[PDB]
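Colleague: Residue-level listing of the chains:
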Amino acid sequence: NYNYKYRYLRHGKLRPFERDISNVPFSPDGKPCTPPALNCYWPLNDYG
Amino acid sequence: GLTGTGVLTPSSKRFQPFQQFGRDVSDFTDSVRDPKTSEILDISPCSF
Amino acid sequence: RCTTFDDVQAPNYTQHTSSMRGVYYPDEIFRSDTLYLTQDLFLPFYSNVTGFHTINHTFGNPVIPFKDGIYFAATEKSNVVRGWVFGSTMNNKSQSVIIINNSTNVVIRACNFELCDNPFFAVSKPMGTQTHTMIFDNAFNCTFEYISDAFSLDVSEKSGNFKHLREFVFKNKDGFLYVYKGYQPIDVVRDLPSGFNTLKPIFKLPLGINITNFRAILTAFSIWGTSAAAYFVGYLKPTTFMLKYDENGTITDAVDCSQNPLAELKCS
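Chains as they are written, first to last, in the UniProt record's numbering: chain A, 435 to 482; chain B, 531 to 578; chain C, 18 to 239, 244 to 289.
Calculated directly from the structure, the hints in this document are not laboratory data.
One or more hints might be untrue.
[Unchecked claim] In silico DMTMM-like pairs for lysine to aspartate or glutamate, Cα to Cα no more than 25 Å straight-line:
{"#": "1", "chain 1": "B", "residue 1": "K543", "chain 2": "C", "residue 2": "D204"}
{"#": "2", "chain 1": "C", "residue 1": "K198", "chain 2": "C", "residue 2": "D57"}
{"#": "3", "chain 1": "B", "residue 1": "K543", "chain 2": "C", "residue 2": "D44"}
{"#": "4", "chain 1": "C", "residue 1": "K265", "chain 2": "B", "residue 2": "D572"}
{"#": "5", "chain 1": "A", "residue 1": "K465", "chain 2": "C", "residue 2": "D134"}
{"#": "6", "chain 1": "C", "residue 1": "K265", "chain 2": "B", "residue 2": "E569"}
{"#": "7", "chain 1": "C", "residue 1": "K84", "chain 2": "C", "residue 2": "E131"}
{"#": "8", "chain 1": "B", "residue 1": "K566", "chain 2": "C", "residue 2": "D44"}
{"#": "9", "chain 1": "C", "residue 1": "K84", "chain 2": "A", "residue 2": "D480"}
{"#": "10", "chain 1": "C", "residue 1": "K287", "chain 2": "C", "residue 2": "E131"}
{"#": "11", "chain 1": "C", "residue 1": "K175", "chain 2": "C", "residue 2": "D204"}
Isolated chain A (complex conformation):
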């Protein structure tokens, strides 16, 4: 069942009752990247 995902790459933790949706090309120094560049991934990940 590869239809459900989560996110594991956030610049910081969360305030309570707050929801991130936007697939930002996560890079640890700002940096709008083009994944598959190095340290520039997608934060989305499946379940299996």
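Using the hints, position chains B and C against chain A.
Modeller: Leaving out everything else, chains B and C in the frame of chain A:
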């Protein structure tokens, strides 16, 4: 949402439309707004 | 459409006093004849207020960060300042919320929104009809939509006394968005009058978005156009206040603790 034990009576309030409780001086309820269109004081000291 | 006009000018950040404003009801619980303390995110007394003297040579609409709740005010005539844009990154990827009027009722929508560089109310000066309310251009991965109760409202340009003074508190708390409201007619030349105006707990919104940045929504008169009316912005602070209720059940005085040693003595 409130229980308790007391003696009820009509009020003398200038109560507000959003308010519901009375908590008069320090968490002592003393006046409530009835869910069926009234406003009653609360002498919870019955006698003792 | 990024419909950005030409004469967009900013002042030199005129500073005003927050003298006794921003005091509101922290809870929905009546009391009477007390001196109640509370530690809650309030506007401080006296502090610096970033004035926006928006006139016909000053089209005040920049991007402003939110920063833990704002105090907002508007010295207006006939309800020009409807509409707030509350977003995270202020763009199409931002899960943002928009607070407007359809000249009849309050419309609040939270979704992903392609934010143009200057959408506006194309409001005619003699008429005041929102014909080019082009705000809902696109709508995808949408979450929330609310419509309030309809009530009487004016749109077009007026003048005279400072009859309309809006004072709002926009406060983020636990995912909820608190919106507080209170009204009073005034008469100044162009500055913030001193005096306290209590607010009331109108709106609690369960959205839970990354509230970081915000803008306001103007009415460009039919080329933009404004009136002799302005609006004010200040930042809140996690401090502690004392309130003095009357016998009637109304705030008649508020005292800060973190302001002056005399003030902490009074609230101590």
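Colleague: Does each hint fit the structure? Answer for all of them.
Modeller: Results of checking the hints against the structure:
{"no.": "1", "hint": "B/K543 / C/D204", "verdict": "violated (33 Å)"}
{"no.": "2", "hint": "C/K198 / C/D57", "verdict": "holds (17 Å)"}
{"no.": "3", "hint": "B/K543 / C/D44", "verdict": "holds (18 Å)"}
{"no.": "4", "hint": "C/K265 / B/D572", "verdict": "holds (23 Å)"}
{"no.": "5", "hint": "A/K465 / C/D134", "verdict": "holds (23 Å)"}
{"no.": "6", "hint": "C/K265 / B/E569", "verdict": "holds (23 Å)"}
{"no.": "7", "hint": "C/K84 / C/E131", "verdict": "holds (23 Å)"}
{"no.": "8", "hint": "B/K566 / C/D44", "verdict": "holds (22 Å)"}
{"no.": "9", "hint": "C/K84 / A/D480", "verdict": "violated (34 Å)"}
{"no.": "10", "hint": "C/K287 / C/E131", "verdict": "violated (50 Å)"}
{"no.": "11", "hint": "C/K175 / C/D204", "verdict": "holds (15 Å)"}
Of the hints listed earlier, those the structure fails to meet are numbers 1, 9, 10, in rising order.
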